[PDB]
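**Student:** With the hints as your guide, set chains C, B and A onto chain S.
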Amino acid sequence: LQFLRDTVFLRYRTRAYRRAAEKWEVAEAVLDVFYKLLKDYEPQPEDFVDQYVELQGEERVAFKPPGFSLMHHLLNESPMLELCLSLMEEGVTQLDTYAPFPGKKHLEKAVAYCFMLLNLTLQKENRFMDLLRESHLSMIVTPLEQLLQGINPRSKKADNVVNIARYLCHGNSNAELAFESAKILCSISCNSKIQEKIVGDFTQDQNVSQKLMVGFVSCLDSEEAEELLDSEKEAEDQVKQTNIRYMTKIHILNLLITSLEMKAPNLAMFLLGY
Amino acid sequence: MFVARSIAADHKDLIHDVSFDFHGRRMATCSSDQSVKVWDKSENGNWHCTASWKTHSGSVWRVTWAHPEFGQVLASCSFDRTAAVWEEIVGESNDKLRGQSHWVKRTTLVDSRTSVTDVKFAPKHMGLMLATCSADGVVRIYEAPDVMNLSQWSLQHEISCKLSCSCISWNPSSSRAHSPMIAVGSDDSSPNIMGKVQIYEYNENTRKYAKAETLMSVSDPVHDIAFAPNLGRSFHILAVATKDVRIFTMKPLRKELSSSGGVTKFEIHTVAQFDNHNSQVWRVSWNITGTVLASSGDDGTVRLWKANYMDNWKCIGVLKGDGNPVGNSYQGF
Amino acid sequence: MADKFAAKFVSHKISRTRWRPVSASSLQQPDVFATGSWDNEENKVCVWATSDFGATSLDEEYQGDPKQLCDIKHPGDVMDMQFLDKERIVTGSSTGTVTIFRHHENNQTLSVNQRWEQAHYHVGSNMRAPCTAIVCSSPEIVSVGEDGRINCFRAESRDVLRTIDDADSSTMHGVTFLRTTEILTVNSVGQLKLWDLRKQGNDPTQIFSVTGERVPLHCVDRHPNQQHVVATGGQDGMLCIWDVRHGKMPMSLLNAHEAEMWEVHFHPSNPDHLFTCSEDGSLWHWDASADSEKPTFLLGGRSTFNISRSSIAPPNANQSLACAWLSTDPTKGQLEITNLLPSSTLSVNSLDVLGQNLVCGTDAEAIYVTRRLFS
Amino acid sequence: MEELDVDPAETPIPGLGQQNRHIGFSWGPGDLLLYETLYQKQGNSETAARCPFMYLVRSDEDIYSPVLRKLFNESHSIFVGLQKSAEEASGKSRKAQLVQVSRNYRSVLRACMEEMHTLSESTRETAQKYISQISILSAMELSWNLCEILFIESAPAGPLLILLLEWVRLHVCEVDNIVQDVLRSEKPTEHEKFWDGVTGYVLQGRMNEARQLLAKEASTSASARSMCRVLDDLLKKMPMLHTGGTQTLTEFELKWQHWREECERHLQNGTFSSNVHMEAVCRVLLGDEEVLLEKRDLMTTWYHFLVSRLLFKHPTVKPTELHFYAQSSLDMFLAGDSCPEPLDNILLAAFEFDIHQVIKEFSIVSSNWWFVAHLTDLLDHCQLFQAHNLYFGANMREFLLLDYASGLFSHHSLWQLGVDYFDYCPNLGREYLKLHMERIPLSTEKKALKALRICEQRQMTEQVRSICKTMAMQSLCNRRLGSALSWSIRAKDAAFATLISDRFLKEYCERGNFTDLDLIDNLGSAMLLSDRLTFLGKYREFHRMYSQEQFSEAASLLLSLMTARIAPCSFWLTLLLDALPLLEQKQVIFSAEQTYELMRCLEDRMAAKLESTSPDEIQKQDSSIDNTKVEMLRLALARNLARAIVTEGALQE
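Residue numbers (the entry's author numbering), protein chains in the order written: chain S, 733 to 1006; chain C, 1 to 333; chain B, 1 to 375; chain A, 1 to 653.
These aren't lab readings, by the way, just hints derived from the structure by calculation.
Just so it is clear, CB atoms sit at the ideal spot from N, CA and C, and this is done for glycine as well.
Any given hint might turn out to be false.
Pairwise CB distance ranges, derived in the manner of DEER restraints [claimed, not checked]:
1. S:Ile976 with B:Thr211: 50 to 58 Å
2. A:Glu510 with B:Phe9: 40 to 48 Å
3. B:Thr171 with S:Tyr978: 52 to 60 Å
4. A:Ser45 with B:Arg115: 54 to 62 Å
Isolated chain S, as found in the complex:
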């Protein structure tokens, strides 16, 4: 564990590459592994019970579940957070490079593992905190929305959500990527006290909001209109992506209803143009 995380997951970025494509597939080879770890590890209440065990009255160290540990590390500041961030910025960057590259493919795969891994992180952190609350063991965890507004220490600004949104513009043929971005957005939105920060993020700049509206127009102008969904020449791909952005707007509207369930501000007036 320490081997792979330190020797590789800390060091993979530190490598020299004659061809850039190598970084993509290396990162995928590491991300997928962490995903199986998360996916497999299912917590239990007894995960919190004891570290020294009396082997014949001898309290011996018996290290916690690797799951337990990997969560709690993620649950507090982890370099995993930072490298996830990185992944996101280079994803945005390569997408801004609309000239095709050998490795963009590995990029969407890698960032996809990012989305879905973090999704499971969310679906399990709830129960983890839940078990923690009764526990007499002193563990520290920070809820992740706080991370989402944390000051990114390369830009010195909380553009986590902005980086999330940057992929909506890029999803001109990436209904998946738009989908995972938005579903994570609403999964976060499941709680309160963020519309203020969201409004500030929107209100940085006119040109920021202009590229934003370009992206939202890209997301919305095809909710059944791609000129290929009825074509059997392209076949299953078009109808499948129609399904995809169908669920996207599903959860878009779920999020909007939740936002209006709270008082002003509510970002739907914004998004409608108000």
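**Tutor:** Chains C, B and A alone, transformed into the frame defined by chain S:
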């Protein structure tokens, strides 16, 4: 604040001098016990009898150490008509190993047939010589040519200094435009004789010492003689020890233009004269910076004299070995 | 510009570089130097030679070269390796073994003299541990480790002369002389600890932590302008400077960064310039003051994005200027660290500065050197 | 010190007061090395008991107190900041930074004070010397405030009164103690120190809370309520800059006199004729000196006496009359009970400006030239001053600099600041540095080397080379020829370099081989100094041109080297012994005539060798073998040269 004992080292006889390292931590006692005892101030400071070996015959009056660039070498004088020379050589290569040490007589200057009244090495700037004086009125001046060639000693020069030699003194010199000089205080008794202290210079074109001066004034057997350390000091001062205390300032007023040497024009003032010891004053000891002088006499007291911003001189310490001195003191006008 | 570097692609990883000593005091670069492996081919100690100084050396690649001489292989990484005297070598093993050679420069070999096979270790698991810091003032030897023991030895012994154990010990980061027989460390708690070589006991001899964002301090060293004032670096990014021989107090809390100071080391020819190396992914030269108005060693290097060499001087007639040192209230600003990346570099694990000369070996599989640190 | 000749400051020896003996001496570095010696003995009889005690008389006993290190080091820090600033700044800015550094130094001494406490309440035996040092350092704080305020800003009246009242409130701590006691015991008006605190408030000019207690008094007594109201009006009208800084002093003096006259009016009305405390307050408010001299006992502070005089009567001040007021206040205070005191006269001489005699008073009271040194630096920065300056009759700066550095040398690391302060008296400082350096034990690469650095940036190579050769030869004294070597390369000494080169060559005589060859091979053009090492390295060169059989350039180098005509003959033996097979090989560059000055010099050298010594002093079966081998060698030389001539001629065809 160290209280005084009368308890002394295991020397069954009078202890003559103690000499300290010109680089620190090391000391040695010379006595009439004939055994030279090298003590070493430990890191805790505890100095123990680290060495003790015989060196001479008769009362070994004086041990003089030399800077390790001289080698870790020493001179010693005693009632043997001669002067002994010991360097401590050790075995092996000192990296993290310390082998066995051993005392080495590099030489012993027979000094004709005359008792070595004083003896000490030569200053840095003039090459590496050494001077011996005897009650013969004759001063022998010996030489070692090369760095590994220590044991050999040739009388490079001799200066005949009229009355029997007692106490000698090297002039500090560090300028090529400056010259080496020697002052000689005589312990012969003649009220008739003025200038009982004689002063010689090296006139370089003559390649030789001439008589620079005498103290036509002195008819008292000189106990000891002591130049003040003067190398940035643009003139010189002399401390002279007998029943009283003589302090003289010697300023180059005329340095000649075509007749330098033989004698050069100096103003000499008796810038101080004191009987405050109220007894015969044996030795005066300078601070190495040449700013402080200690003085002792038969009463076992030491008086401590300095110069002010008029350069005049006051006793700033009075230390009793027959009693218990008083505390602090300060004053202005 | 600042005297560009000679880079020799050594095809080797570097962990520890330490000058071959001749003790006493002299200015030259020790042409001879012993090297502890990060992973060269194995973990080993090699002997290497450097054509000292731009004088009589501008050749053998471009601006000199270090050359392999011999080597002998070593269990446990060489995290630290210091020299007792001219040719007696003491290194720590990751196997928790204290290893002492006598080098043979003429035979080009290393002699396996003395081994304390026993060192710092974990309790409740019965597992061995490497040593955190070795202390060599000939011939007294001190060892300190993760578990917190104290290992006091006279030179030349294969059995422990003493190991001070405590009812209170911790993880230790960096050590420095305060005096000849006084010692300080910075710890992983934000802890400044003191001891005297002669007097010790149970639980740390002296313990300190105060307001000012105590963070795990990783590196400590005694200033190239004075020893009893020392500097420490830790997690928060702020450098903490202190004056001691029995009591601590801050010269400065310089807001010199925002993140961990892994290792800091001191400029000889400039008792007031610094260097920092960090496996956060960067390596900075630290300079007095700030601003680009003085030659910028804040953004200097990085191949591109280069900036330095700006100057202006008041004649002191009707002109006034003030700077940060003239303020004694704590929490000062940044003080000019520049990260440098030639075309690409990996974890630099050993570096040395002598005068304005610098050597450094790395995980970038090469060596980087400069004759001059400025221009 | 500054005055460098004083009454002998004798150092007590409690020994030899009952058990005397004659004394012997040697000088310590900053201490004094006394022992017993046997000549002109004070005592009686011999003694031989192996006595290992020492006599270390210390004028540097200060080094053994724990706080002085912090004292002087942080003084050092602020000080060096001061000087490194002194080349910059101007006028108004300069004044501002002066005041700044003043406050900084006072705060530092304050910090010393609180930590000094922390020591004292812990200690039960050493607390008394802590008391002594706290007393002196408090004296320096108070005096330092007085001097700065009196001089630095050189401000006019008004702000002067403000700052002096701030001074007094800083240096007087009783009033808050009475505050705490009054709040501690019962109600403030029921407190026995009620009116005591009220008097303190009147003294401190804090009429707001003074009226707060006046309210308690008026509530308590229904007869003094109007009395308190009148006094409250007085406290409302009293001077807090009656007119602003853009006004004229005429208007402020008008308001002052209006307040004054109404206070006398109310007094003579008999309005305050039933409350002793408040009517005494009325005399105080009118500045009536009888009450002041009565309260002298509760005062204990005749400077407070004078400041009360000035405020209650002299809202405007004149420097010349300040001395007059001081005289009057001093006489009135001594009238209660005259007793000897330095500090009063010291601060007098402060008000009559004579900084130098003030310093003299300090120097007779104490022995710490430190505080005066900082006084001096301030006066240096003050851009000209004269109170009978003793810098035009003495040199206070370098005096205290050298005293200070001399104290610094006392510790094996604490001398370093002495270096930093010879950084400002070097015409004797650097030389005294080398002086003390050679005299003190030393090993340390880095501190020594840094002293070197310091030197060369000042371009002072002479002592440099002296020390380098000295410590190199100590290196070889430890049998370390390598450090000797590199360090001679540091000193640039062809003499010793050739010497140890010849030691190398004797090692080659011993072993026949090279070691650490490249360590010299890399030395490049620097080789030109040591000719013996130059020859040895060129022998290496020819040796390996042999080992890879580099005939042409090998022979050319050998020719050049021998034309250079360097090294002893016994080795040119082996030289041409190795030159043999080249001479054998068919080569046209062979210049037989040059080979023959080689051989004729060989004849010359073998003749000289025979004259100087016998080739073989050992009689053995192999000595004649070696000899006849030598003759055979030269015979081989002749025959091979003959063959080479044959080949050359056959090729000249």
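**Student:** List in ascending order the numbers of the hints, as given earlier, that are violated by the structure.
**Tutor:** Of the numbered hints, all hold.
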